[PDB]
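Take a look at the letters that make up each chain.
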Amino acid sequence: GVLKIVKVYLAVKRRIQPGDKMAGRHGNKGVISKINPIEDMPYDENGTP
Amino acid sequence: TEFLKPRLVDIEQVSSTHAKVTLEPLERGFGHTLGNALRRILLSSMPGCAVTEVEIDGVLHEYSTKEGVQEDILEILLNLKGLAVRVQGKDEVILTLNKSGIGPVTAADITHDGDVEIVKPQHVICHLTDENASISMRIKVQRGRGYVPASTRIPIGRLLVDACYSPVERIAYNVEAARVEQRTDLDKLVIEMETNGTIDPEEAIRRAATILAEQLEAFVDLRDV
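Order-wise, the sequence lines are chains A and B.
Going letter by letter, the first sequence gives residues 1045 to 1093 in UniProt numbering.
Going letter by letter, the second sequence gives residues 6 to 159, 167 to 237 in UniProt numbering.
Keep in mind that the hints were calculated from the coordinates and are not lab data.
Keep in mind that the hints are not guaranteed to be accurate.
[What the hints assert, rightly or not] Subject to a maximum C-alpha distance of 20 Å in a straight line, what follows is the list of computed SDA-like cross-link-like pairs (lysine to any residue):
(1) B/145 with B/110
(2) A/1057 with B/14
(3) B/125 with B/87
(4) A/1057 with B/25
(5) B/95 with B/122
(6) B/25 with A/1093
(7) A/1051 with B/95
(8) A/1057 with B/110
(9) B/71 with A/1051
(10) A/1057 with B/152
(11) B/104 with B/93
(12) A/1057 with B/65
(13) A/1057 with B/170
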């Protein structure tokens, strides 16, 4: 029945947003609340957040 | 009653990459206050010169691969995102990188137009495996602020890269005592910072003072209801 079939490949680069899900290596399930500024985060004495 | 005003008593370029500075005199409480304020602003919103657009003649779309270059196009773009530039007068400019032959490819090969200044010539973009395979590419870079991804602002050959308008990465501050000065409880504030090298410490801190002041001008501007 078909005379010709055409497929097309679309790339999408999805980075991150609130609600996405990630975890480590202990079953530590976790969704992400809110991407937040570097400046709101805590940091050590040497300043690295 | 009075409140002695500090001065930028010291700037020192400890390394070609970065520096440290000092403010003196400061009195009790103001130390951590101004420390957090300055760190927050000096991390939050500064000028930038992040690369904006990249064109390559042989490239149709990003996710292809050119012959004679070992790494992916995307990896090359990420290396470019690792680039840092300095410009003085023009908000925008186009940089031109043309080179062929086997060997590494760092920023040193880009055209060296006057205001355009490379801060990290040693920053490698890629490597080339072919004696005759010329990467020839145009780089639109303009100023900006903060972080502008491609999806926000949004030609087929013109490939878009997210912006990273930030010249600094690490900031910290320390309070300490000053000399006797005929008056104790005087506080020296030492501010340590790490930058790619595209921003002078004095320029950054002066801009921080200006921006925070005009924010406080709103507190000065408090009127009516």
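### Message
Would the hint linking residue 95 of chain B and residue 122 of chain B be met if the CA-CA limit is 20 Å?
### Response
Holds - the C-alpha atoms of residue 122 of chain B and residue 95 of chain B are around 12 Å apart, at most 20 Å.
### Query
Between residue 1057 of chain A and residue 14 of chain B, does the CA-CA distance stay at or below 20 Å?
violated, 48 Å
### Message
For residue 145 of chain B and residue 110 of chain B, compute the direct alpha-carbon distance and say whether it is at most 20 Å.
### Response
holds, 19 Å
### Query
Is it true that the CA of residue 1057 of chain A sits at most 20 Å from the CA of residue 25 of chain B?
violated, 39 Å
### Query
Are residue 1057 of chain A and residue 152 of chain B close enough, with their CA atoms no more than 20 Å apart?
holds, 17 Å
### Task
For the pair we were handed, residue 1057 of chain A and residue 110 of chain B, check the Cα-Cα distance against 20 Å.
violated, 26 Å
### Query
When you check the alpha-carbon spacing of residue 71 of chain B and residue 1051 of chain A, does it fall within 20 Å?
Violated, at about 24 Å.
### Satisfaction of hint between residue 1093 of chain A and residue 25 of chain B, Cα-Cα up to 20 Å
holds, 19 Å
### Query
When you check the alpha-carbon spacing of residue 1051 of chain A and residue 95 of chain B, does it fall within 20 Å?
violated, 45 Å
### Query
Would the pair residue 1057 of chain A and residue 65 of chain B pass a check requiring their Cα atoms to be no farther apart than 20 Å?
holds, 17 Å
### Pairwise hint evaluation, residue 170 of chain B against residue 1057 of chain A, where the allowed Cα distance is 20 Å at most
The given pair, whose Cα atoms are some 17 Å apart, holds under the 20 Å limit.
### Message
Just to be careful, I want the Cα atoms of residue 125 of chain B and residue 87 of chain B compared with a cutoff of 20 Å; is the pair within it?
### Response
With Cα atoms ~10 Å apart, residue 125 of chain B and residue 87 of chain B stay inside 20 Å; holds.
Comparing the model with each earlier hint shows violations of hints 2, 4, 7, 8, 9, 11; every other hint is respected.
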